[PDB]
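**Student:** One-letter residues, chain by chain:
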Amino acid sequence: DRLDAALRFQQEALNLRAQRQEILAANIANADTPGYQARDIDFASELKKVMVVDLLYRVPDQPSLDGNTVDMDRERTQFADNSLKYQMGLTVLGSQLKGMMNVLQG
Amino acid sequence: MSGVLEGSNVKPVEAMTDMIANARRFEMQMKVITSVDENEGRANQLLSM
Numbered sequence: 003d004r005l006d007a008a009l010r011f012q013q014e015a016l017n018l019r020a021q022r023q024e025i026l027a028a029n030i031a032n033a034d035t036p037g038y039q040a041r042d043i044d045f046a047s048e049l050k051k052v053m054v083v084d085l086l087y088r089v090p091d092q093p094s095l096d097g098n099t100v101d102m103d104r105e106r107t108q109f110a111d112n113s114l115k116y117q118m119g120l121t122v123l124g125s126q127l128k129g130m131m132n133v134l135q136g
Numbered sequence: 202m203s204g205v206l207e208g209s210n211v212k213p214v215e216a217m218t219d220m221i222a223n224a225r226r227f228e229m230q231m232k233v234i235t236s237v238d239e240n241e242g243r244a245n246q247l248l249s250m
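Protein chains in written order, with PDB author numbering: chain U, 3 to 54, 83 to 136; chain q, 202 to 250.
Bound conformation, chain U alone:
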């Protein structure tokens, strides 16, 4: 359907933002697990792949003794950024749907 092609990009971006949000929250929740590696996804490459998931390990900053590589500050900033981008995607998708609607209303 042509309607899907117009809204495909924003829907895929929104779904990818939700998945990465879940991954970041999993990183936050498992901060205290000894031996847990902080995982993340490269948003742009996966968005290419879906439009046309694989988890990448985060490069550790400080060496802990229990093997936990989760850094609070980095993932807190990433979490806030992902929340903001999810809201922006919701706004853009809603604007596109509302425009398609006011075209029809009459």
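Because the hints were derived from the structure by calculation, they are not lab data.
Think of the CB as a built atom: it goes at the ideal place given N, C-alpha and C, for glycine as much as any other residue.
Any given hint could turn out to be false.
Across the chosen pairs, the derived CB separations fall in these ranges [stated by the list, open to error]: (1) 244/q x 45/U: 22 to 30 Å; (2) 30/U x 229/q: 26 to 34 Å; (3) 95/U x 244/q: 19 to 27 Å; (4) 229/q x 95/U: 16 to 24 Å; (5) 233/q x 13/U: 44 to 52 Å; (6) 233/q x 111/U: 25 to 33 Å; (7) 216/q x 111/U: 50 to 58 Å; (8) 34/U x 208/q: 47 to 55 Å; (9) 34/U x 235/q: 14 to 22 Å; (10) 218/q x 45/U: 56 to 64 Å; (11) 23/U x 240/q: 23 to 31 Å; (12) 21/U x 235/q: 36 to 44 Å.
The hints should help you fit chain q onto chain U, whose structure is shown.
**Tutor:** Frame of chain U, contents of chain q only:
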């Protein structure tokens, strides 16, 4: 030598200096712990969108 008993070799000057140093080090580490805890408490609000 017979008729003499050997006592301990605990130097009291070293013990007193060790106690003073240990007390000061403990207080420094407690201060560092408090600073780190307060910093994390302030930092854990960013997550609010």
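**Student:** May I ask you to test the hint 23 to 31 Å on the CB atoms belonging to residue 23/U and residue 240/q?
**Tutor:** holds (25 Å)
**Student:** Within 44 to 52 Å or not, the Cβ separation of residue 233/q and residue 13/U?
**Tutor:** holds (49 Å)
**Student:** Can you tell me whether the CB distance of residue 21/U to residue 235/q sits inside 36 to 44 Å?
**Tutor:** holds (39 Å)
**Student:** Can you tell me whether the CB distance of residue 244/q to residue 45/U sits inside 22 to 30 Å?
**Tutor:** holds (24 Å)
**Student:** Check the following: the C-beta atoms of residue 95/U and residue 244/q are separated by a distance inside 19 to 27 Å.
**Tutor:** With a Cβ separation near 21 Å, residue 95/U and residue 244/q satisfy 19 to 27 Å, so the hint holds.
**Student:** Return holds or violated for the Cβ distance of residue 30/U and residue 229/q against the range 26 to 34 Å.
**Tutor:** For residue 30/U and residue 229/q the Cβ distance comes to about 31 Å; the hint holds.
**Student:** Within 25 to 33 Å or not, the Cβ separation of residue 233/q and residue 111/U?
**Tutor:** holds (30 Å)
**Student:** Just to be sure I understand the hint, the distance between the Cβ atoms of residue 218/q and residue 45/U should be within 56 to 64 Å; is that true here?
**Tutor:** With Cβ atoms ~58 Å apart, the hint holds.
**Student:** Taking 47 to 55 Å as the hint, is the beta-carbon distance of residue 34/U and residue 208/q inside that range?
**Tutor:** Given a distance of about 51 Å, which is inside 47 to 55 Å, the answer is holds.
**Student:** Quick check on a hinted range of 14 to 22 Å for residue 34/U and residue 235/q, using CB atoms only.
**Tutor:** holds (21 Å)
**Student:** With respect to the beta-carbon atoms only, verify the hint that residue 216/q and residue 111/U lie 50 to 58 Å apart.
**Tutor:** holds (56 Å)
**Student:** Taking 16 to 24 Å as the hint, is the beta-carbon distance of residue 229/q and residue 95/U inside that range?
**Tutor:** holds (21 Å)
Consistency note: the structure conflicts with none of the earlier hints.
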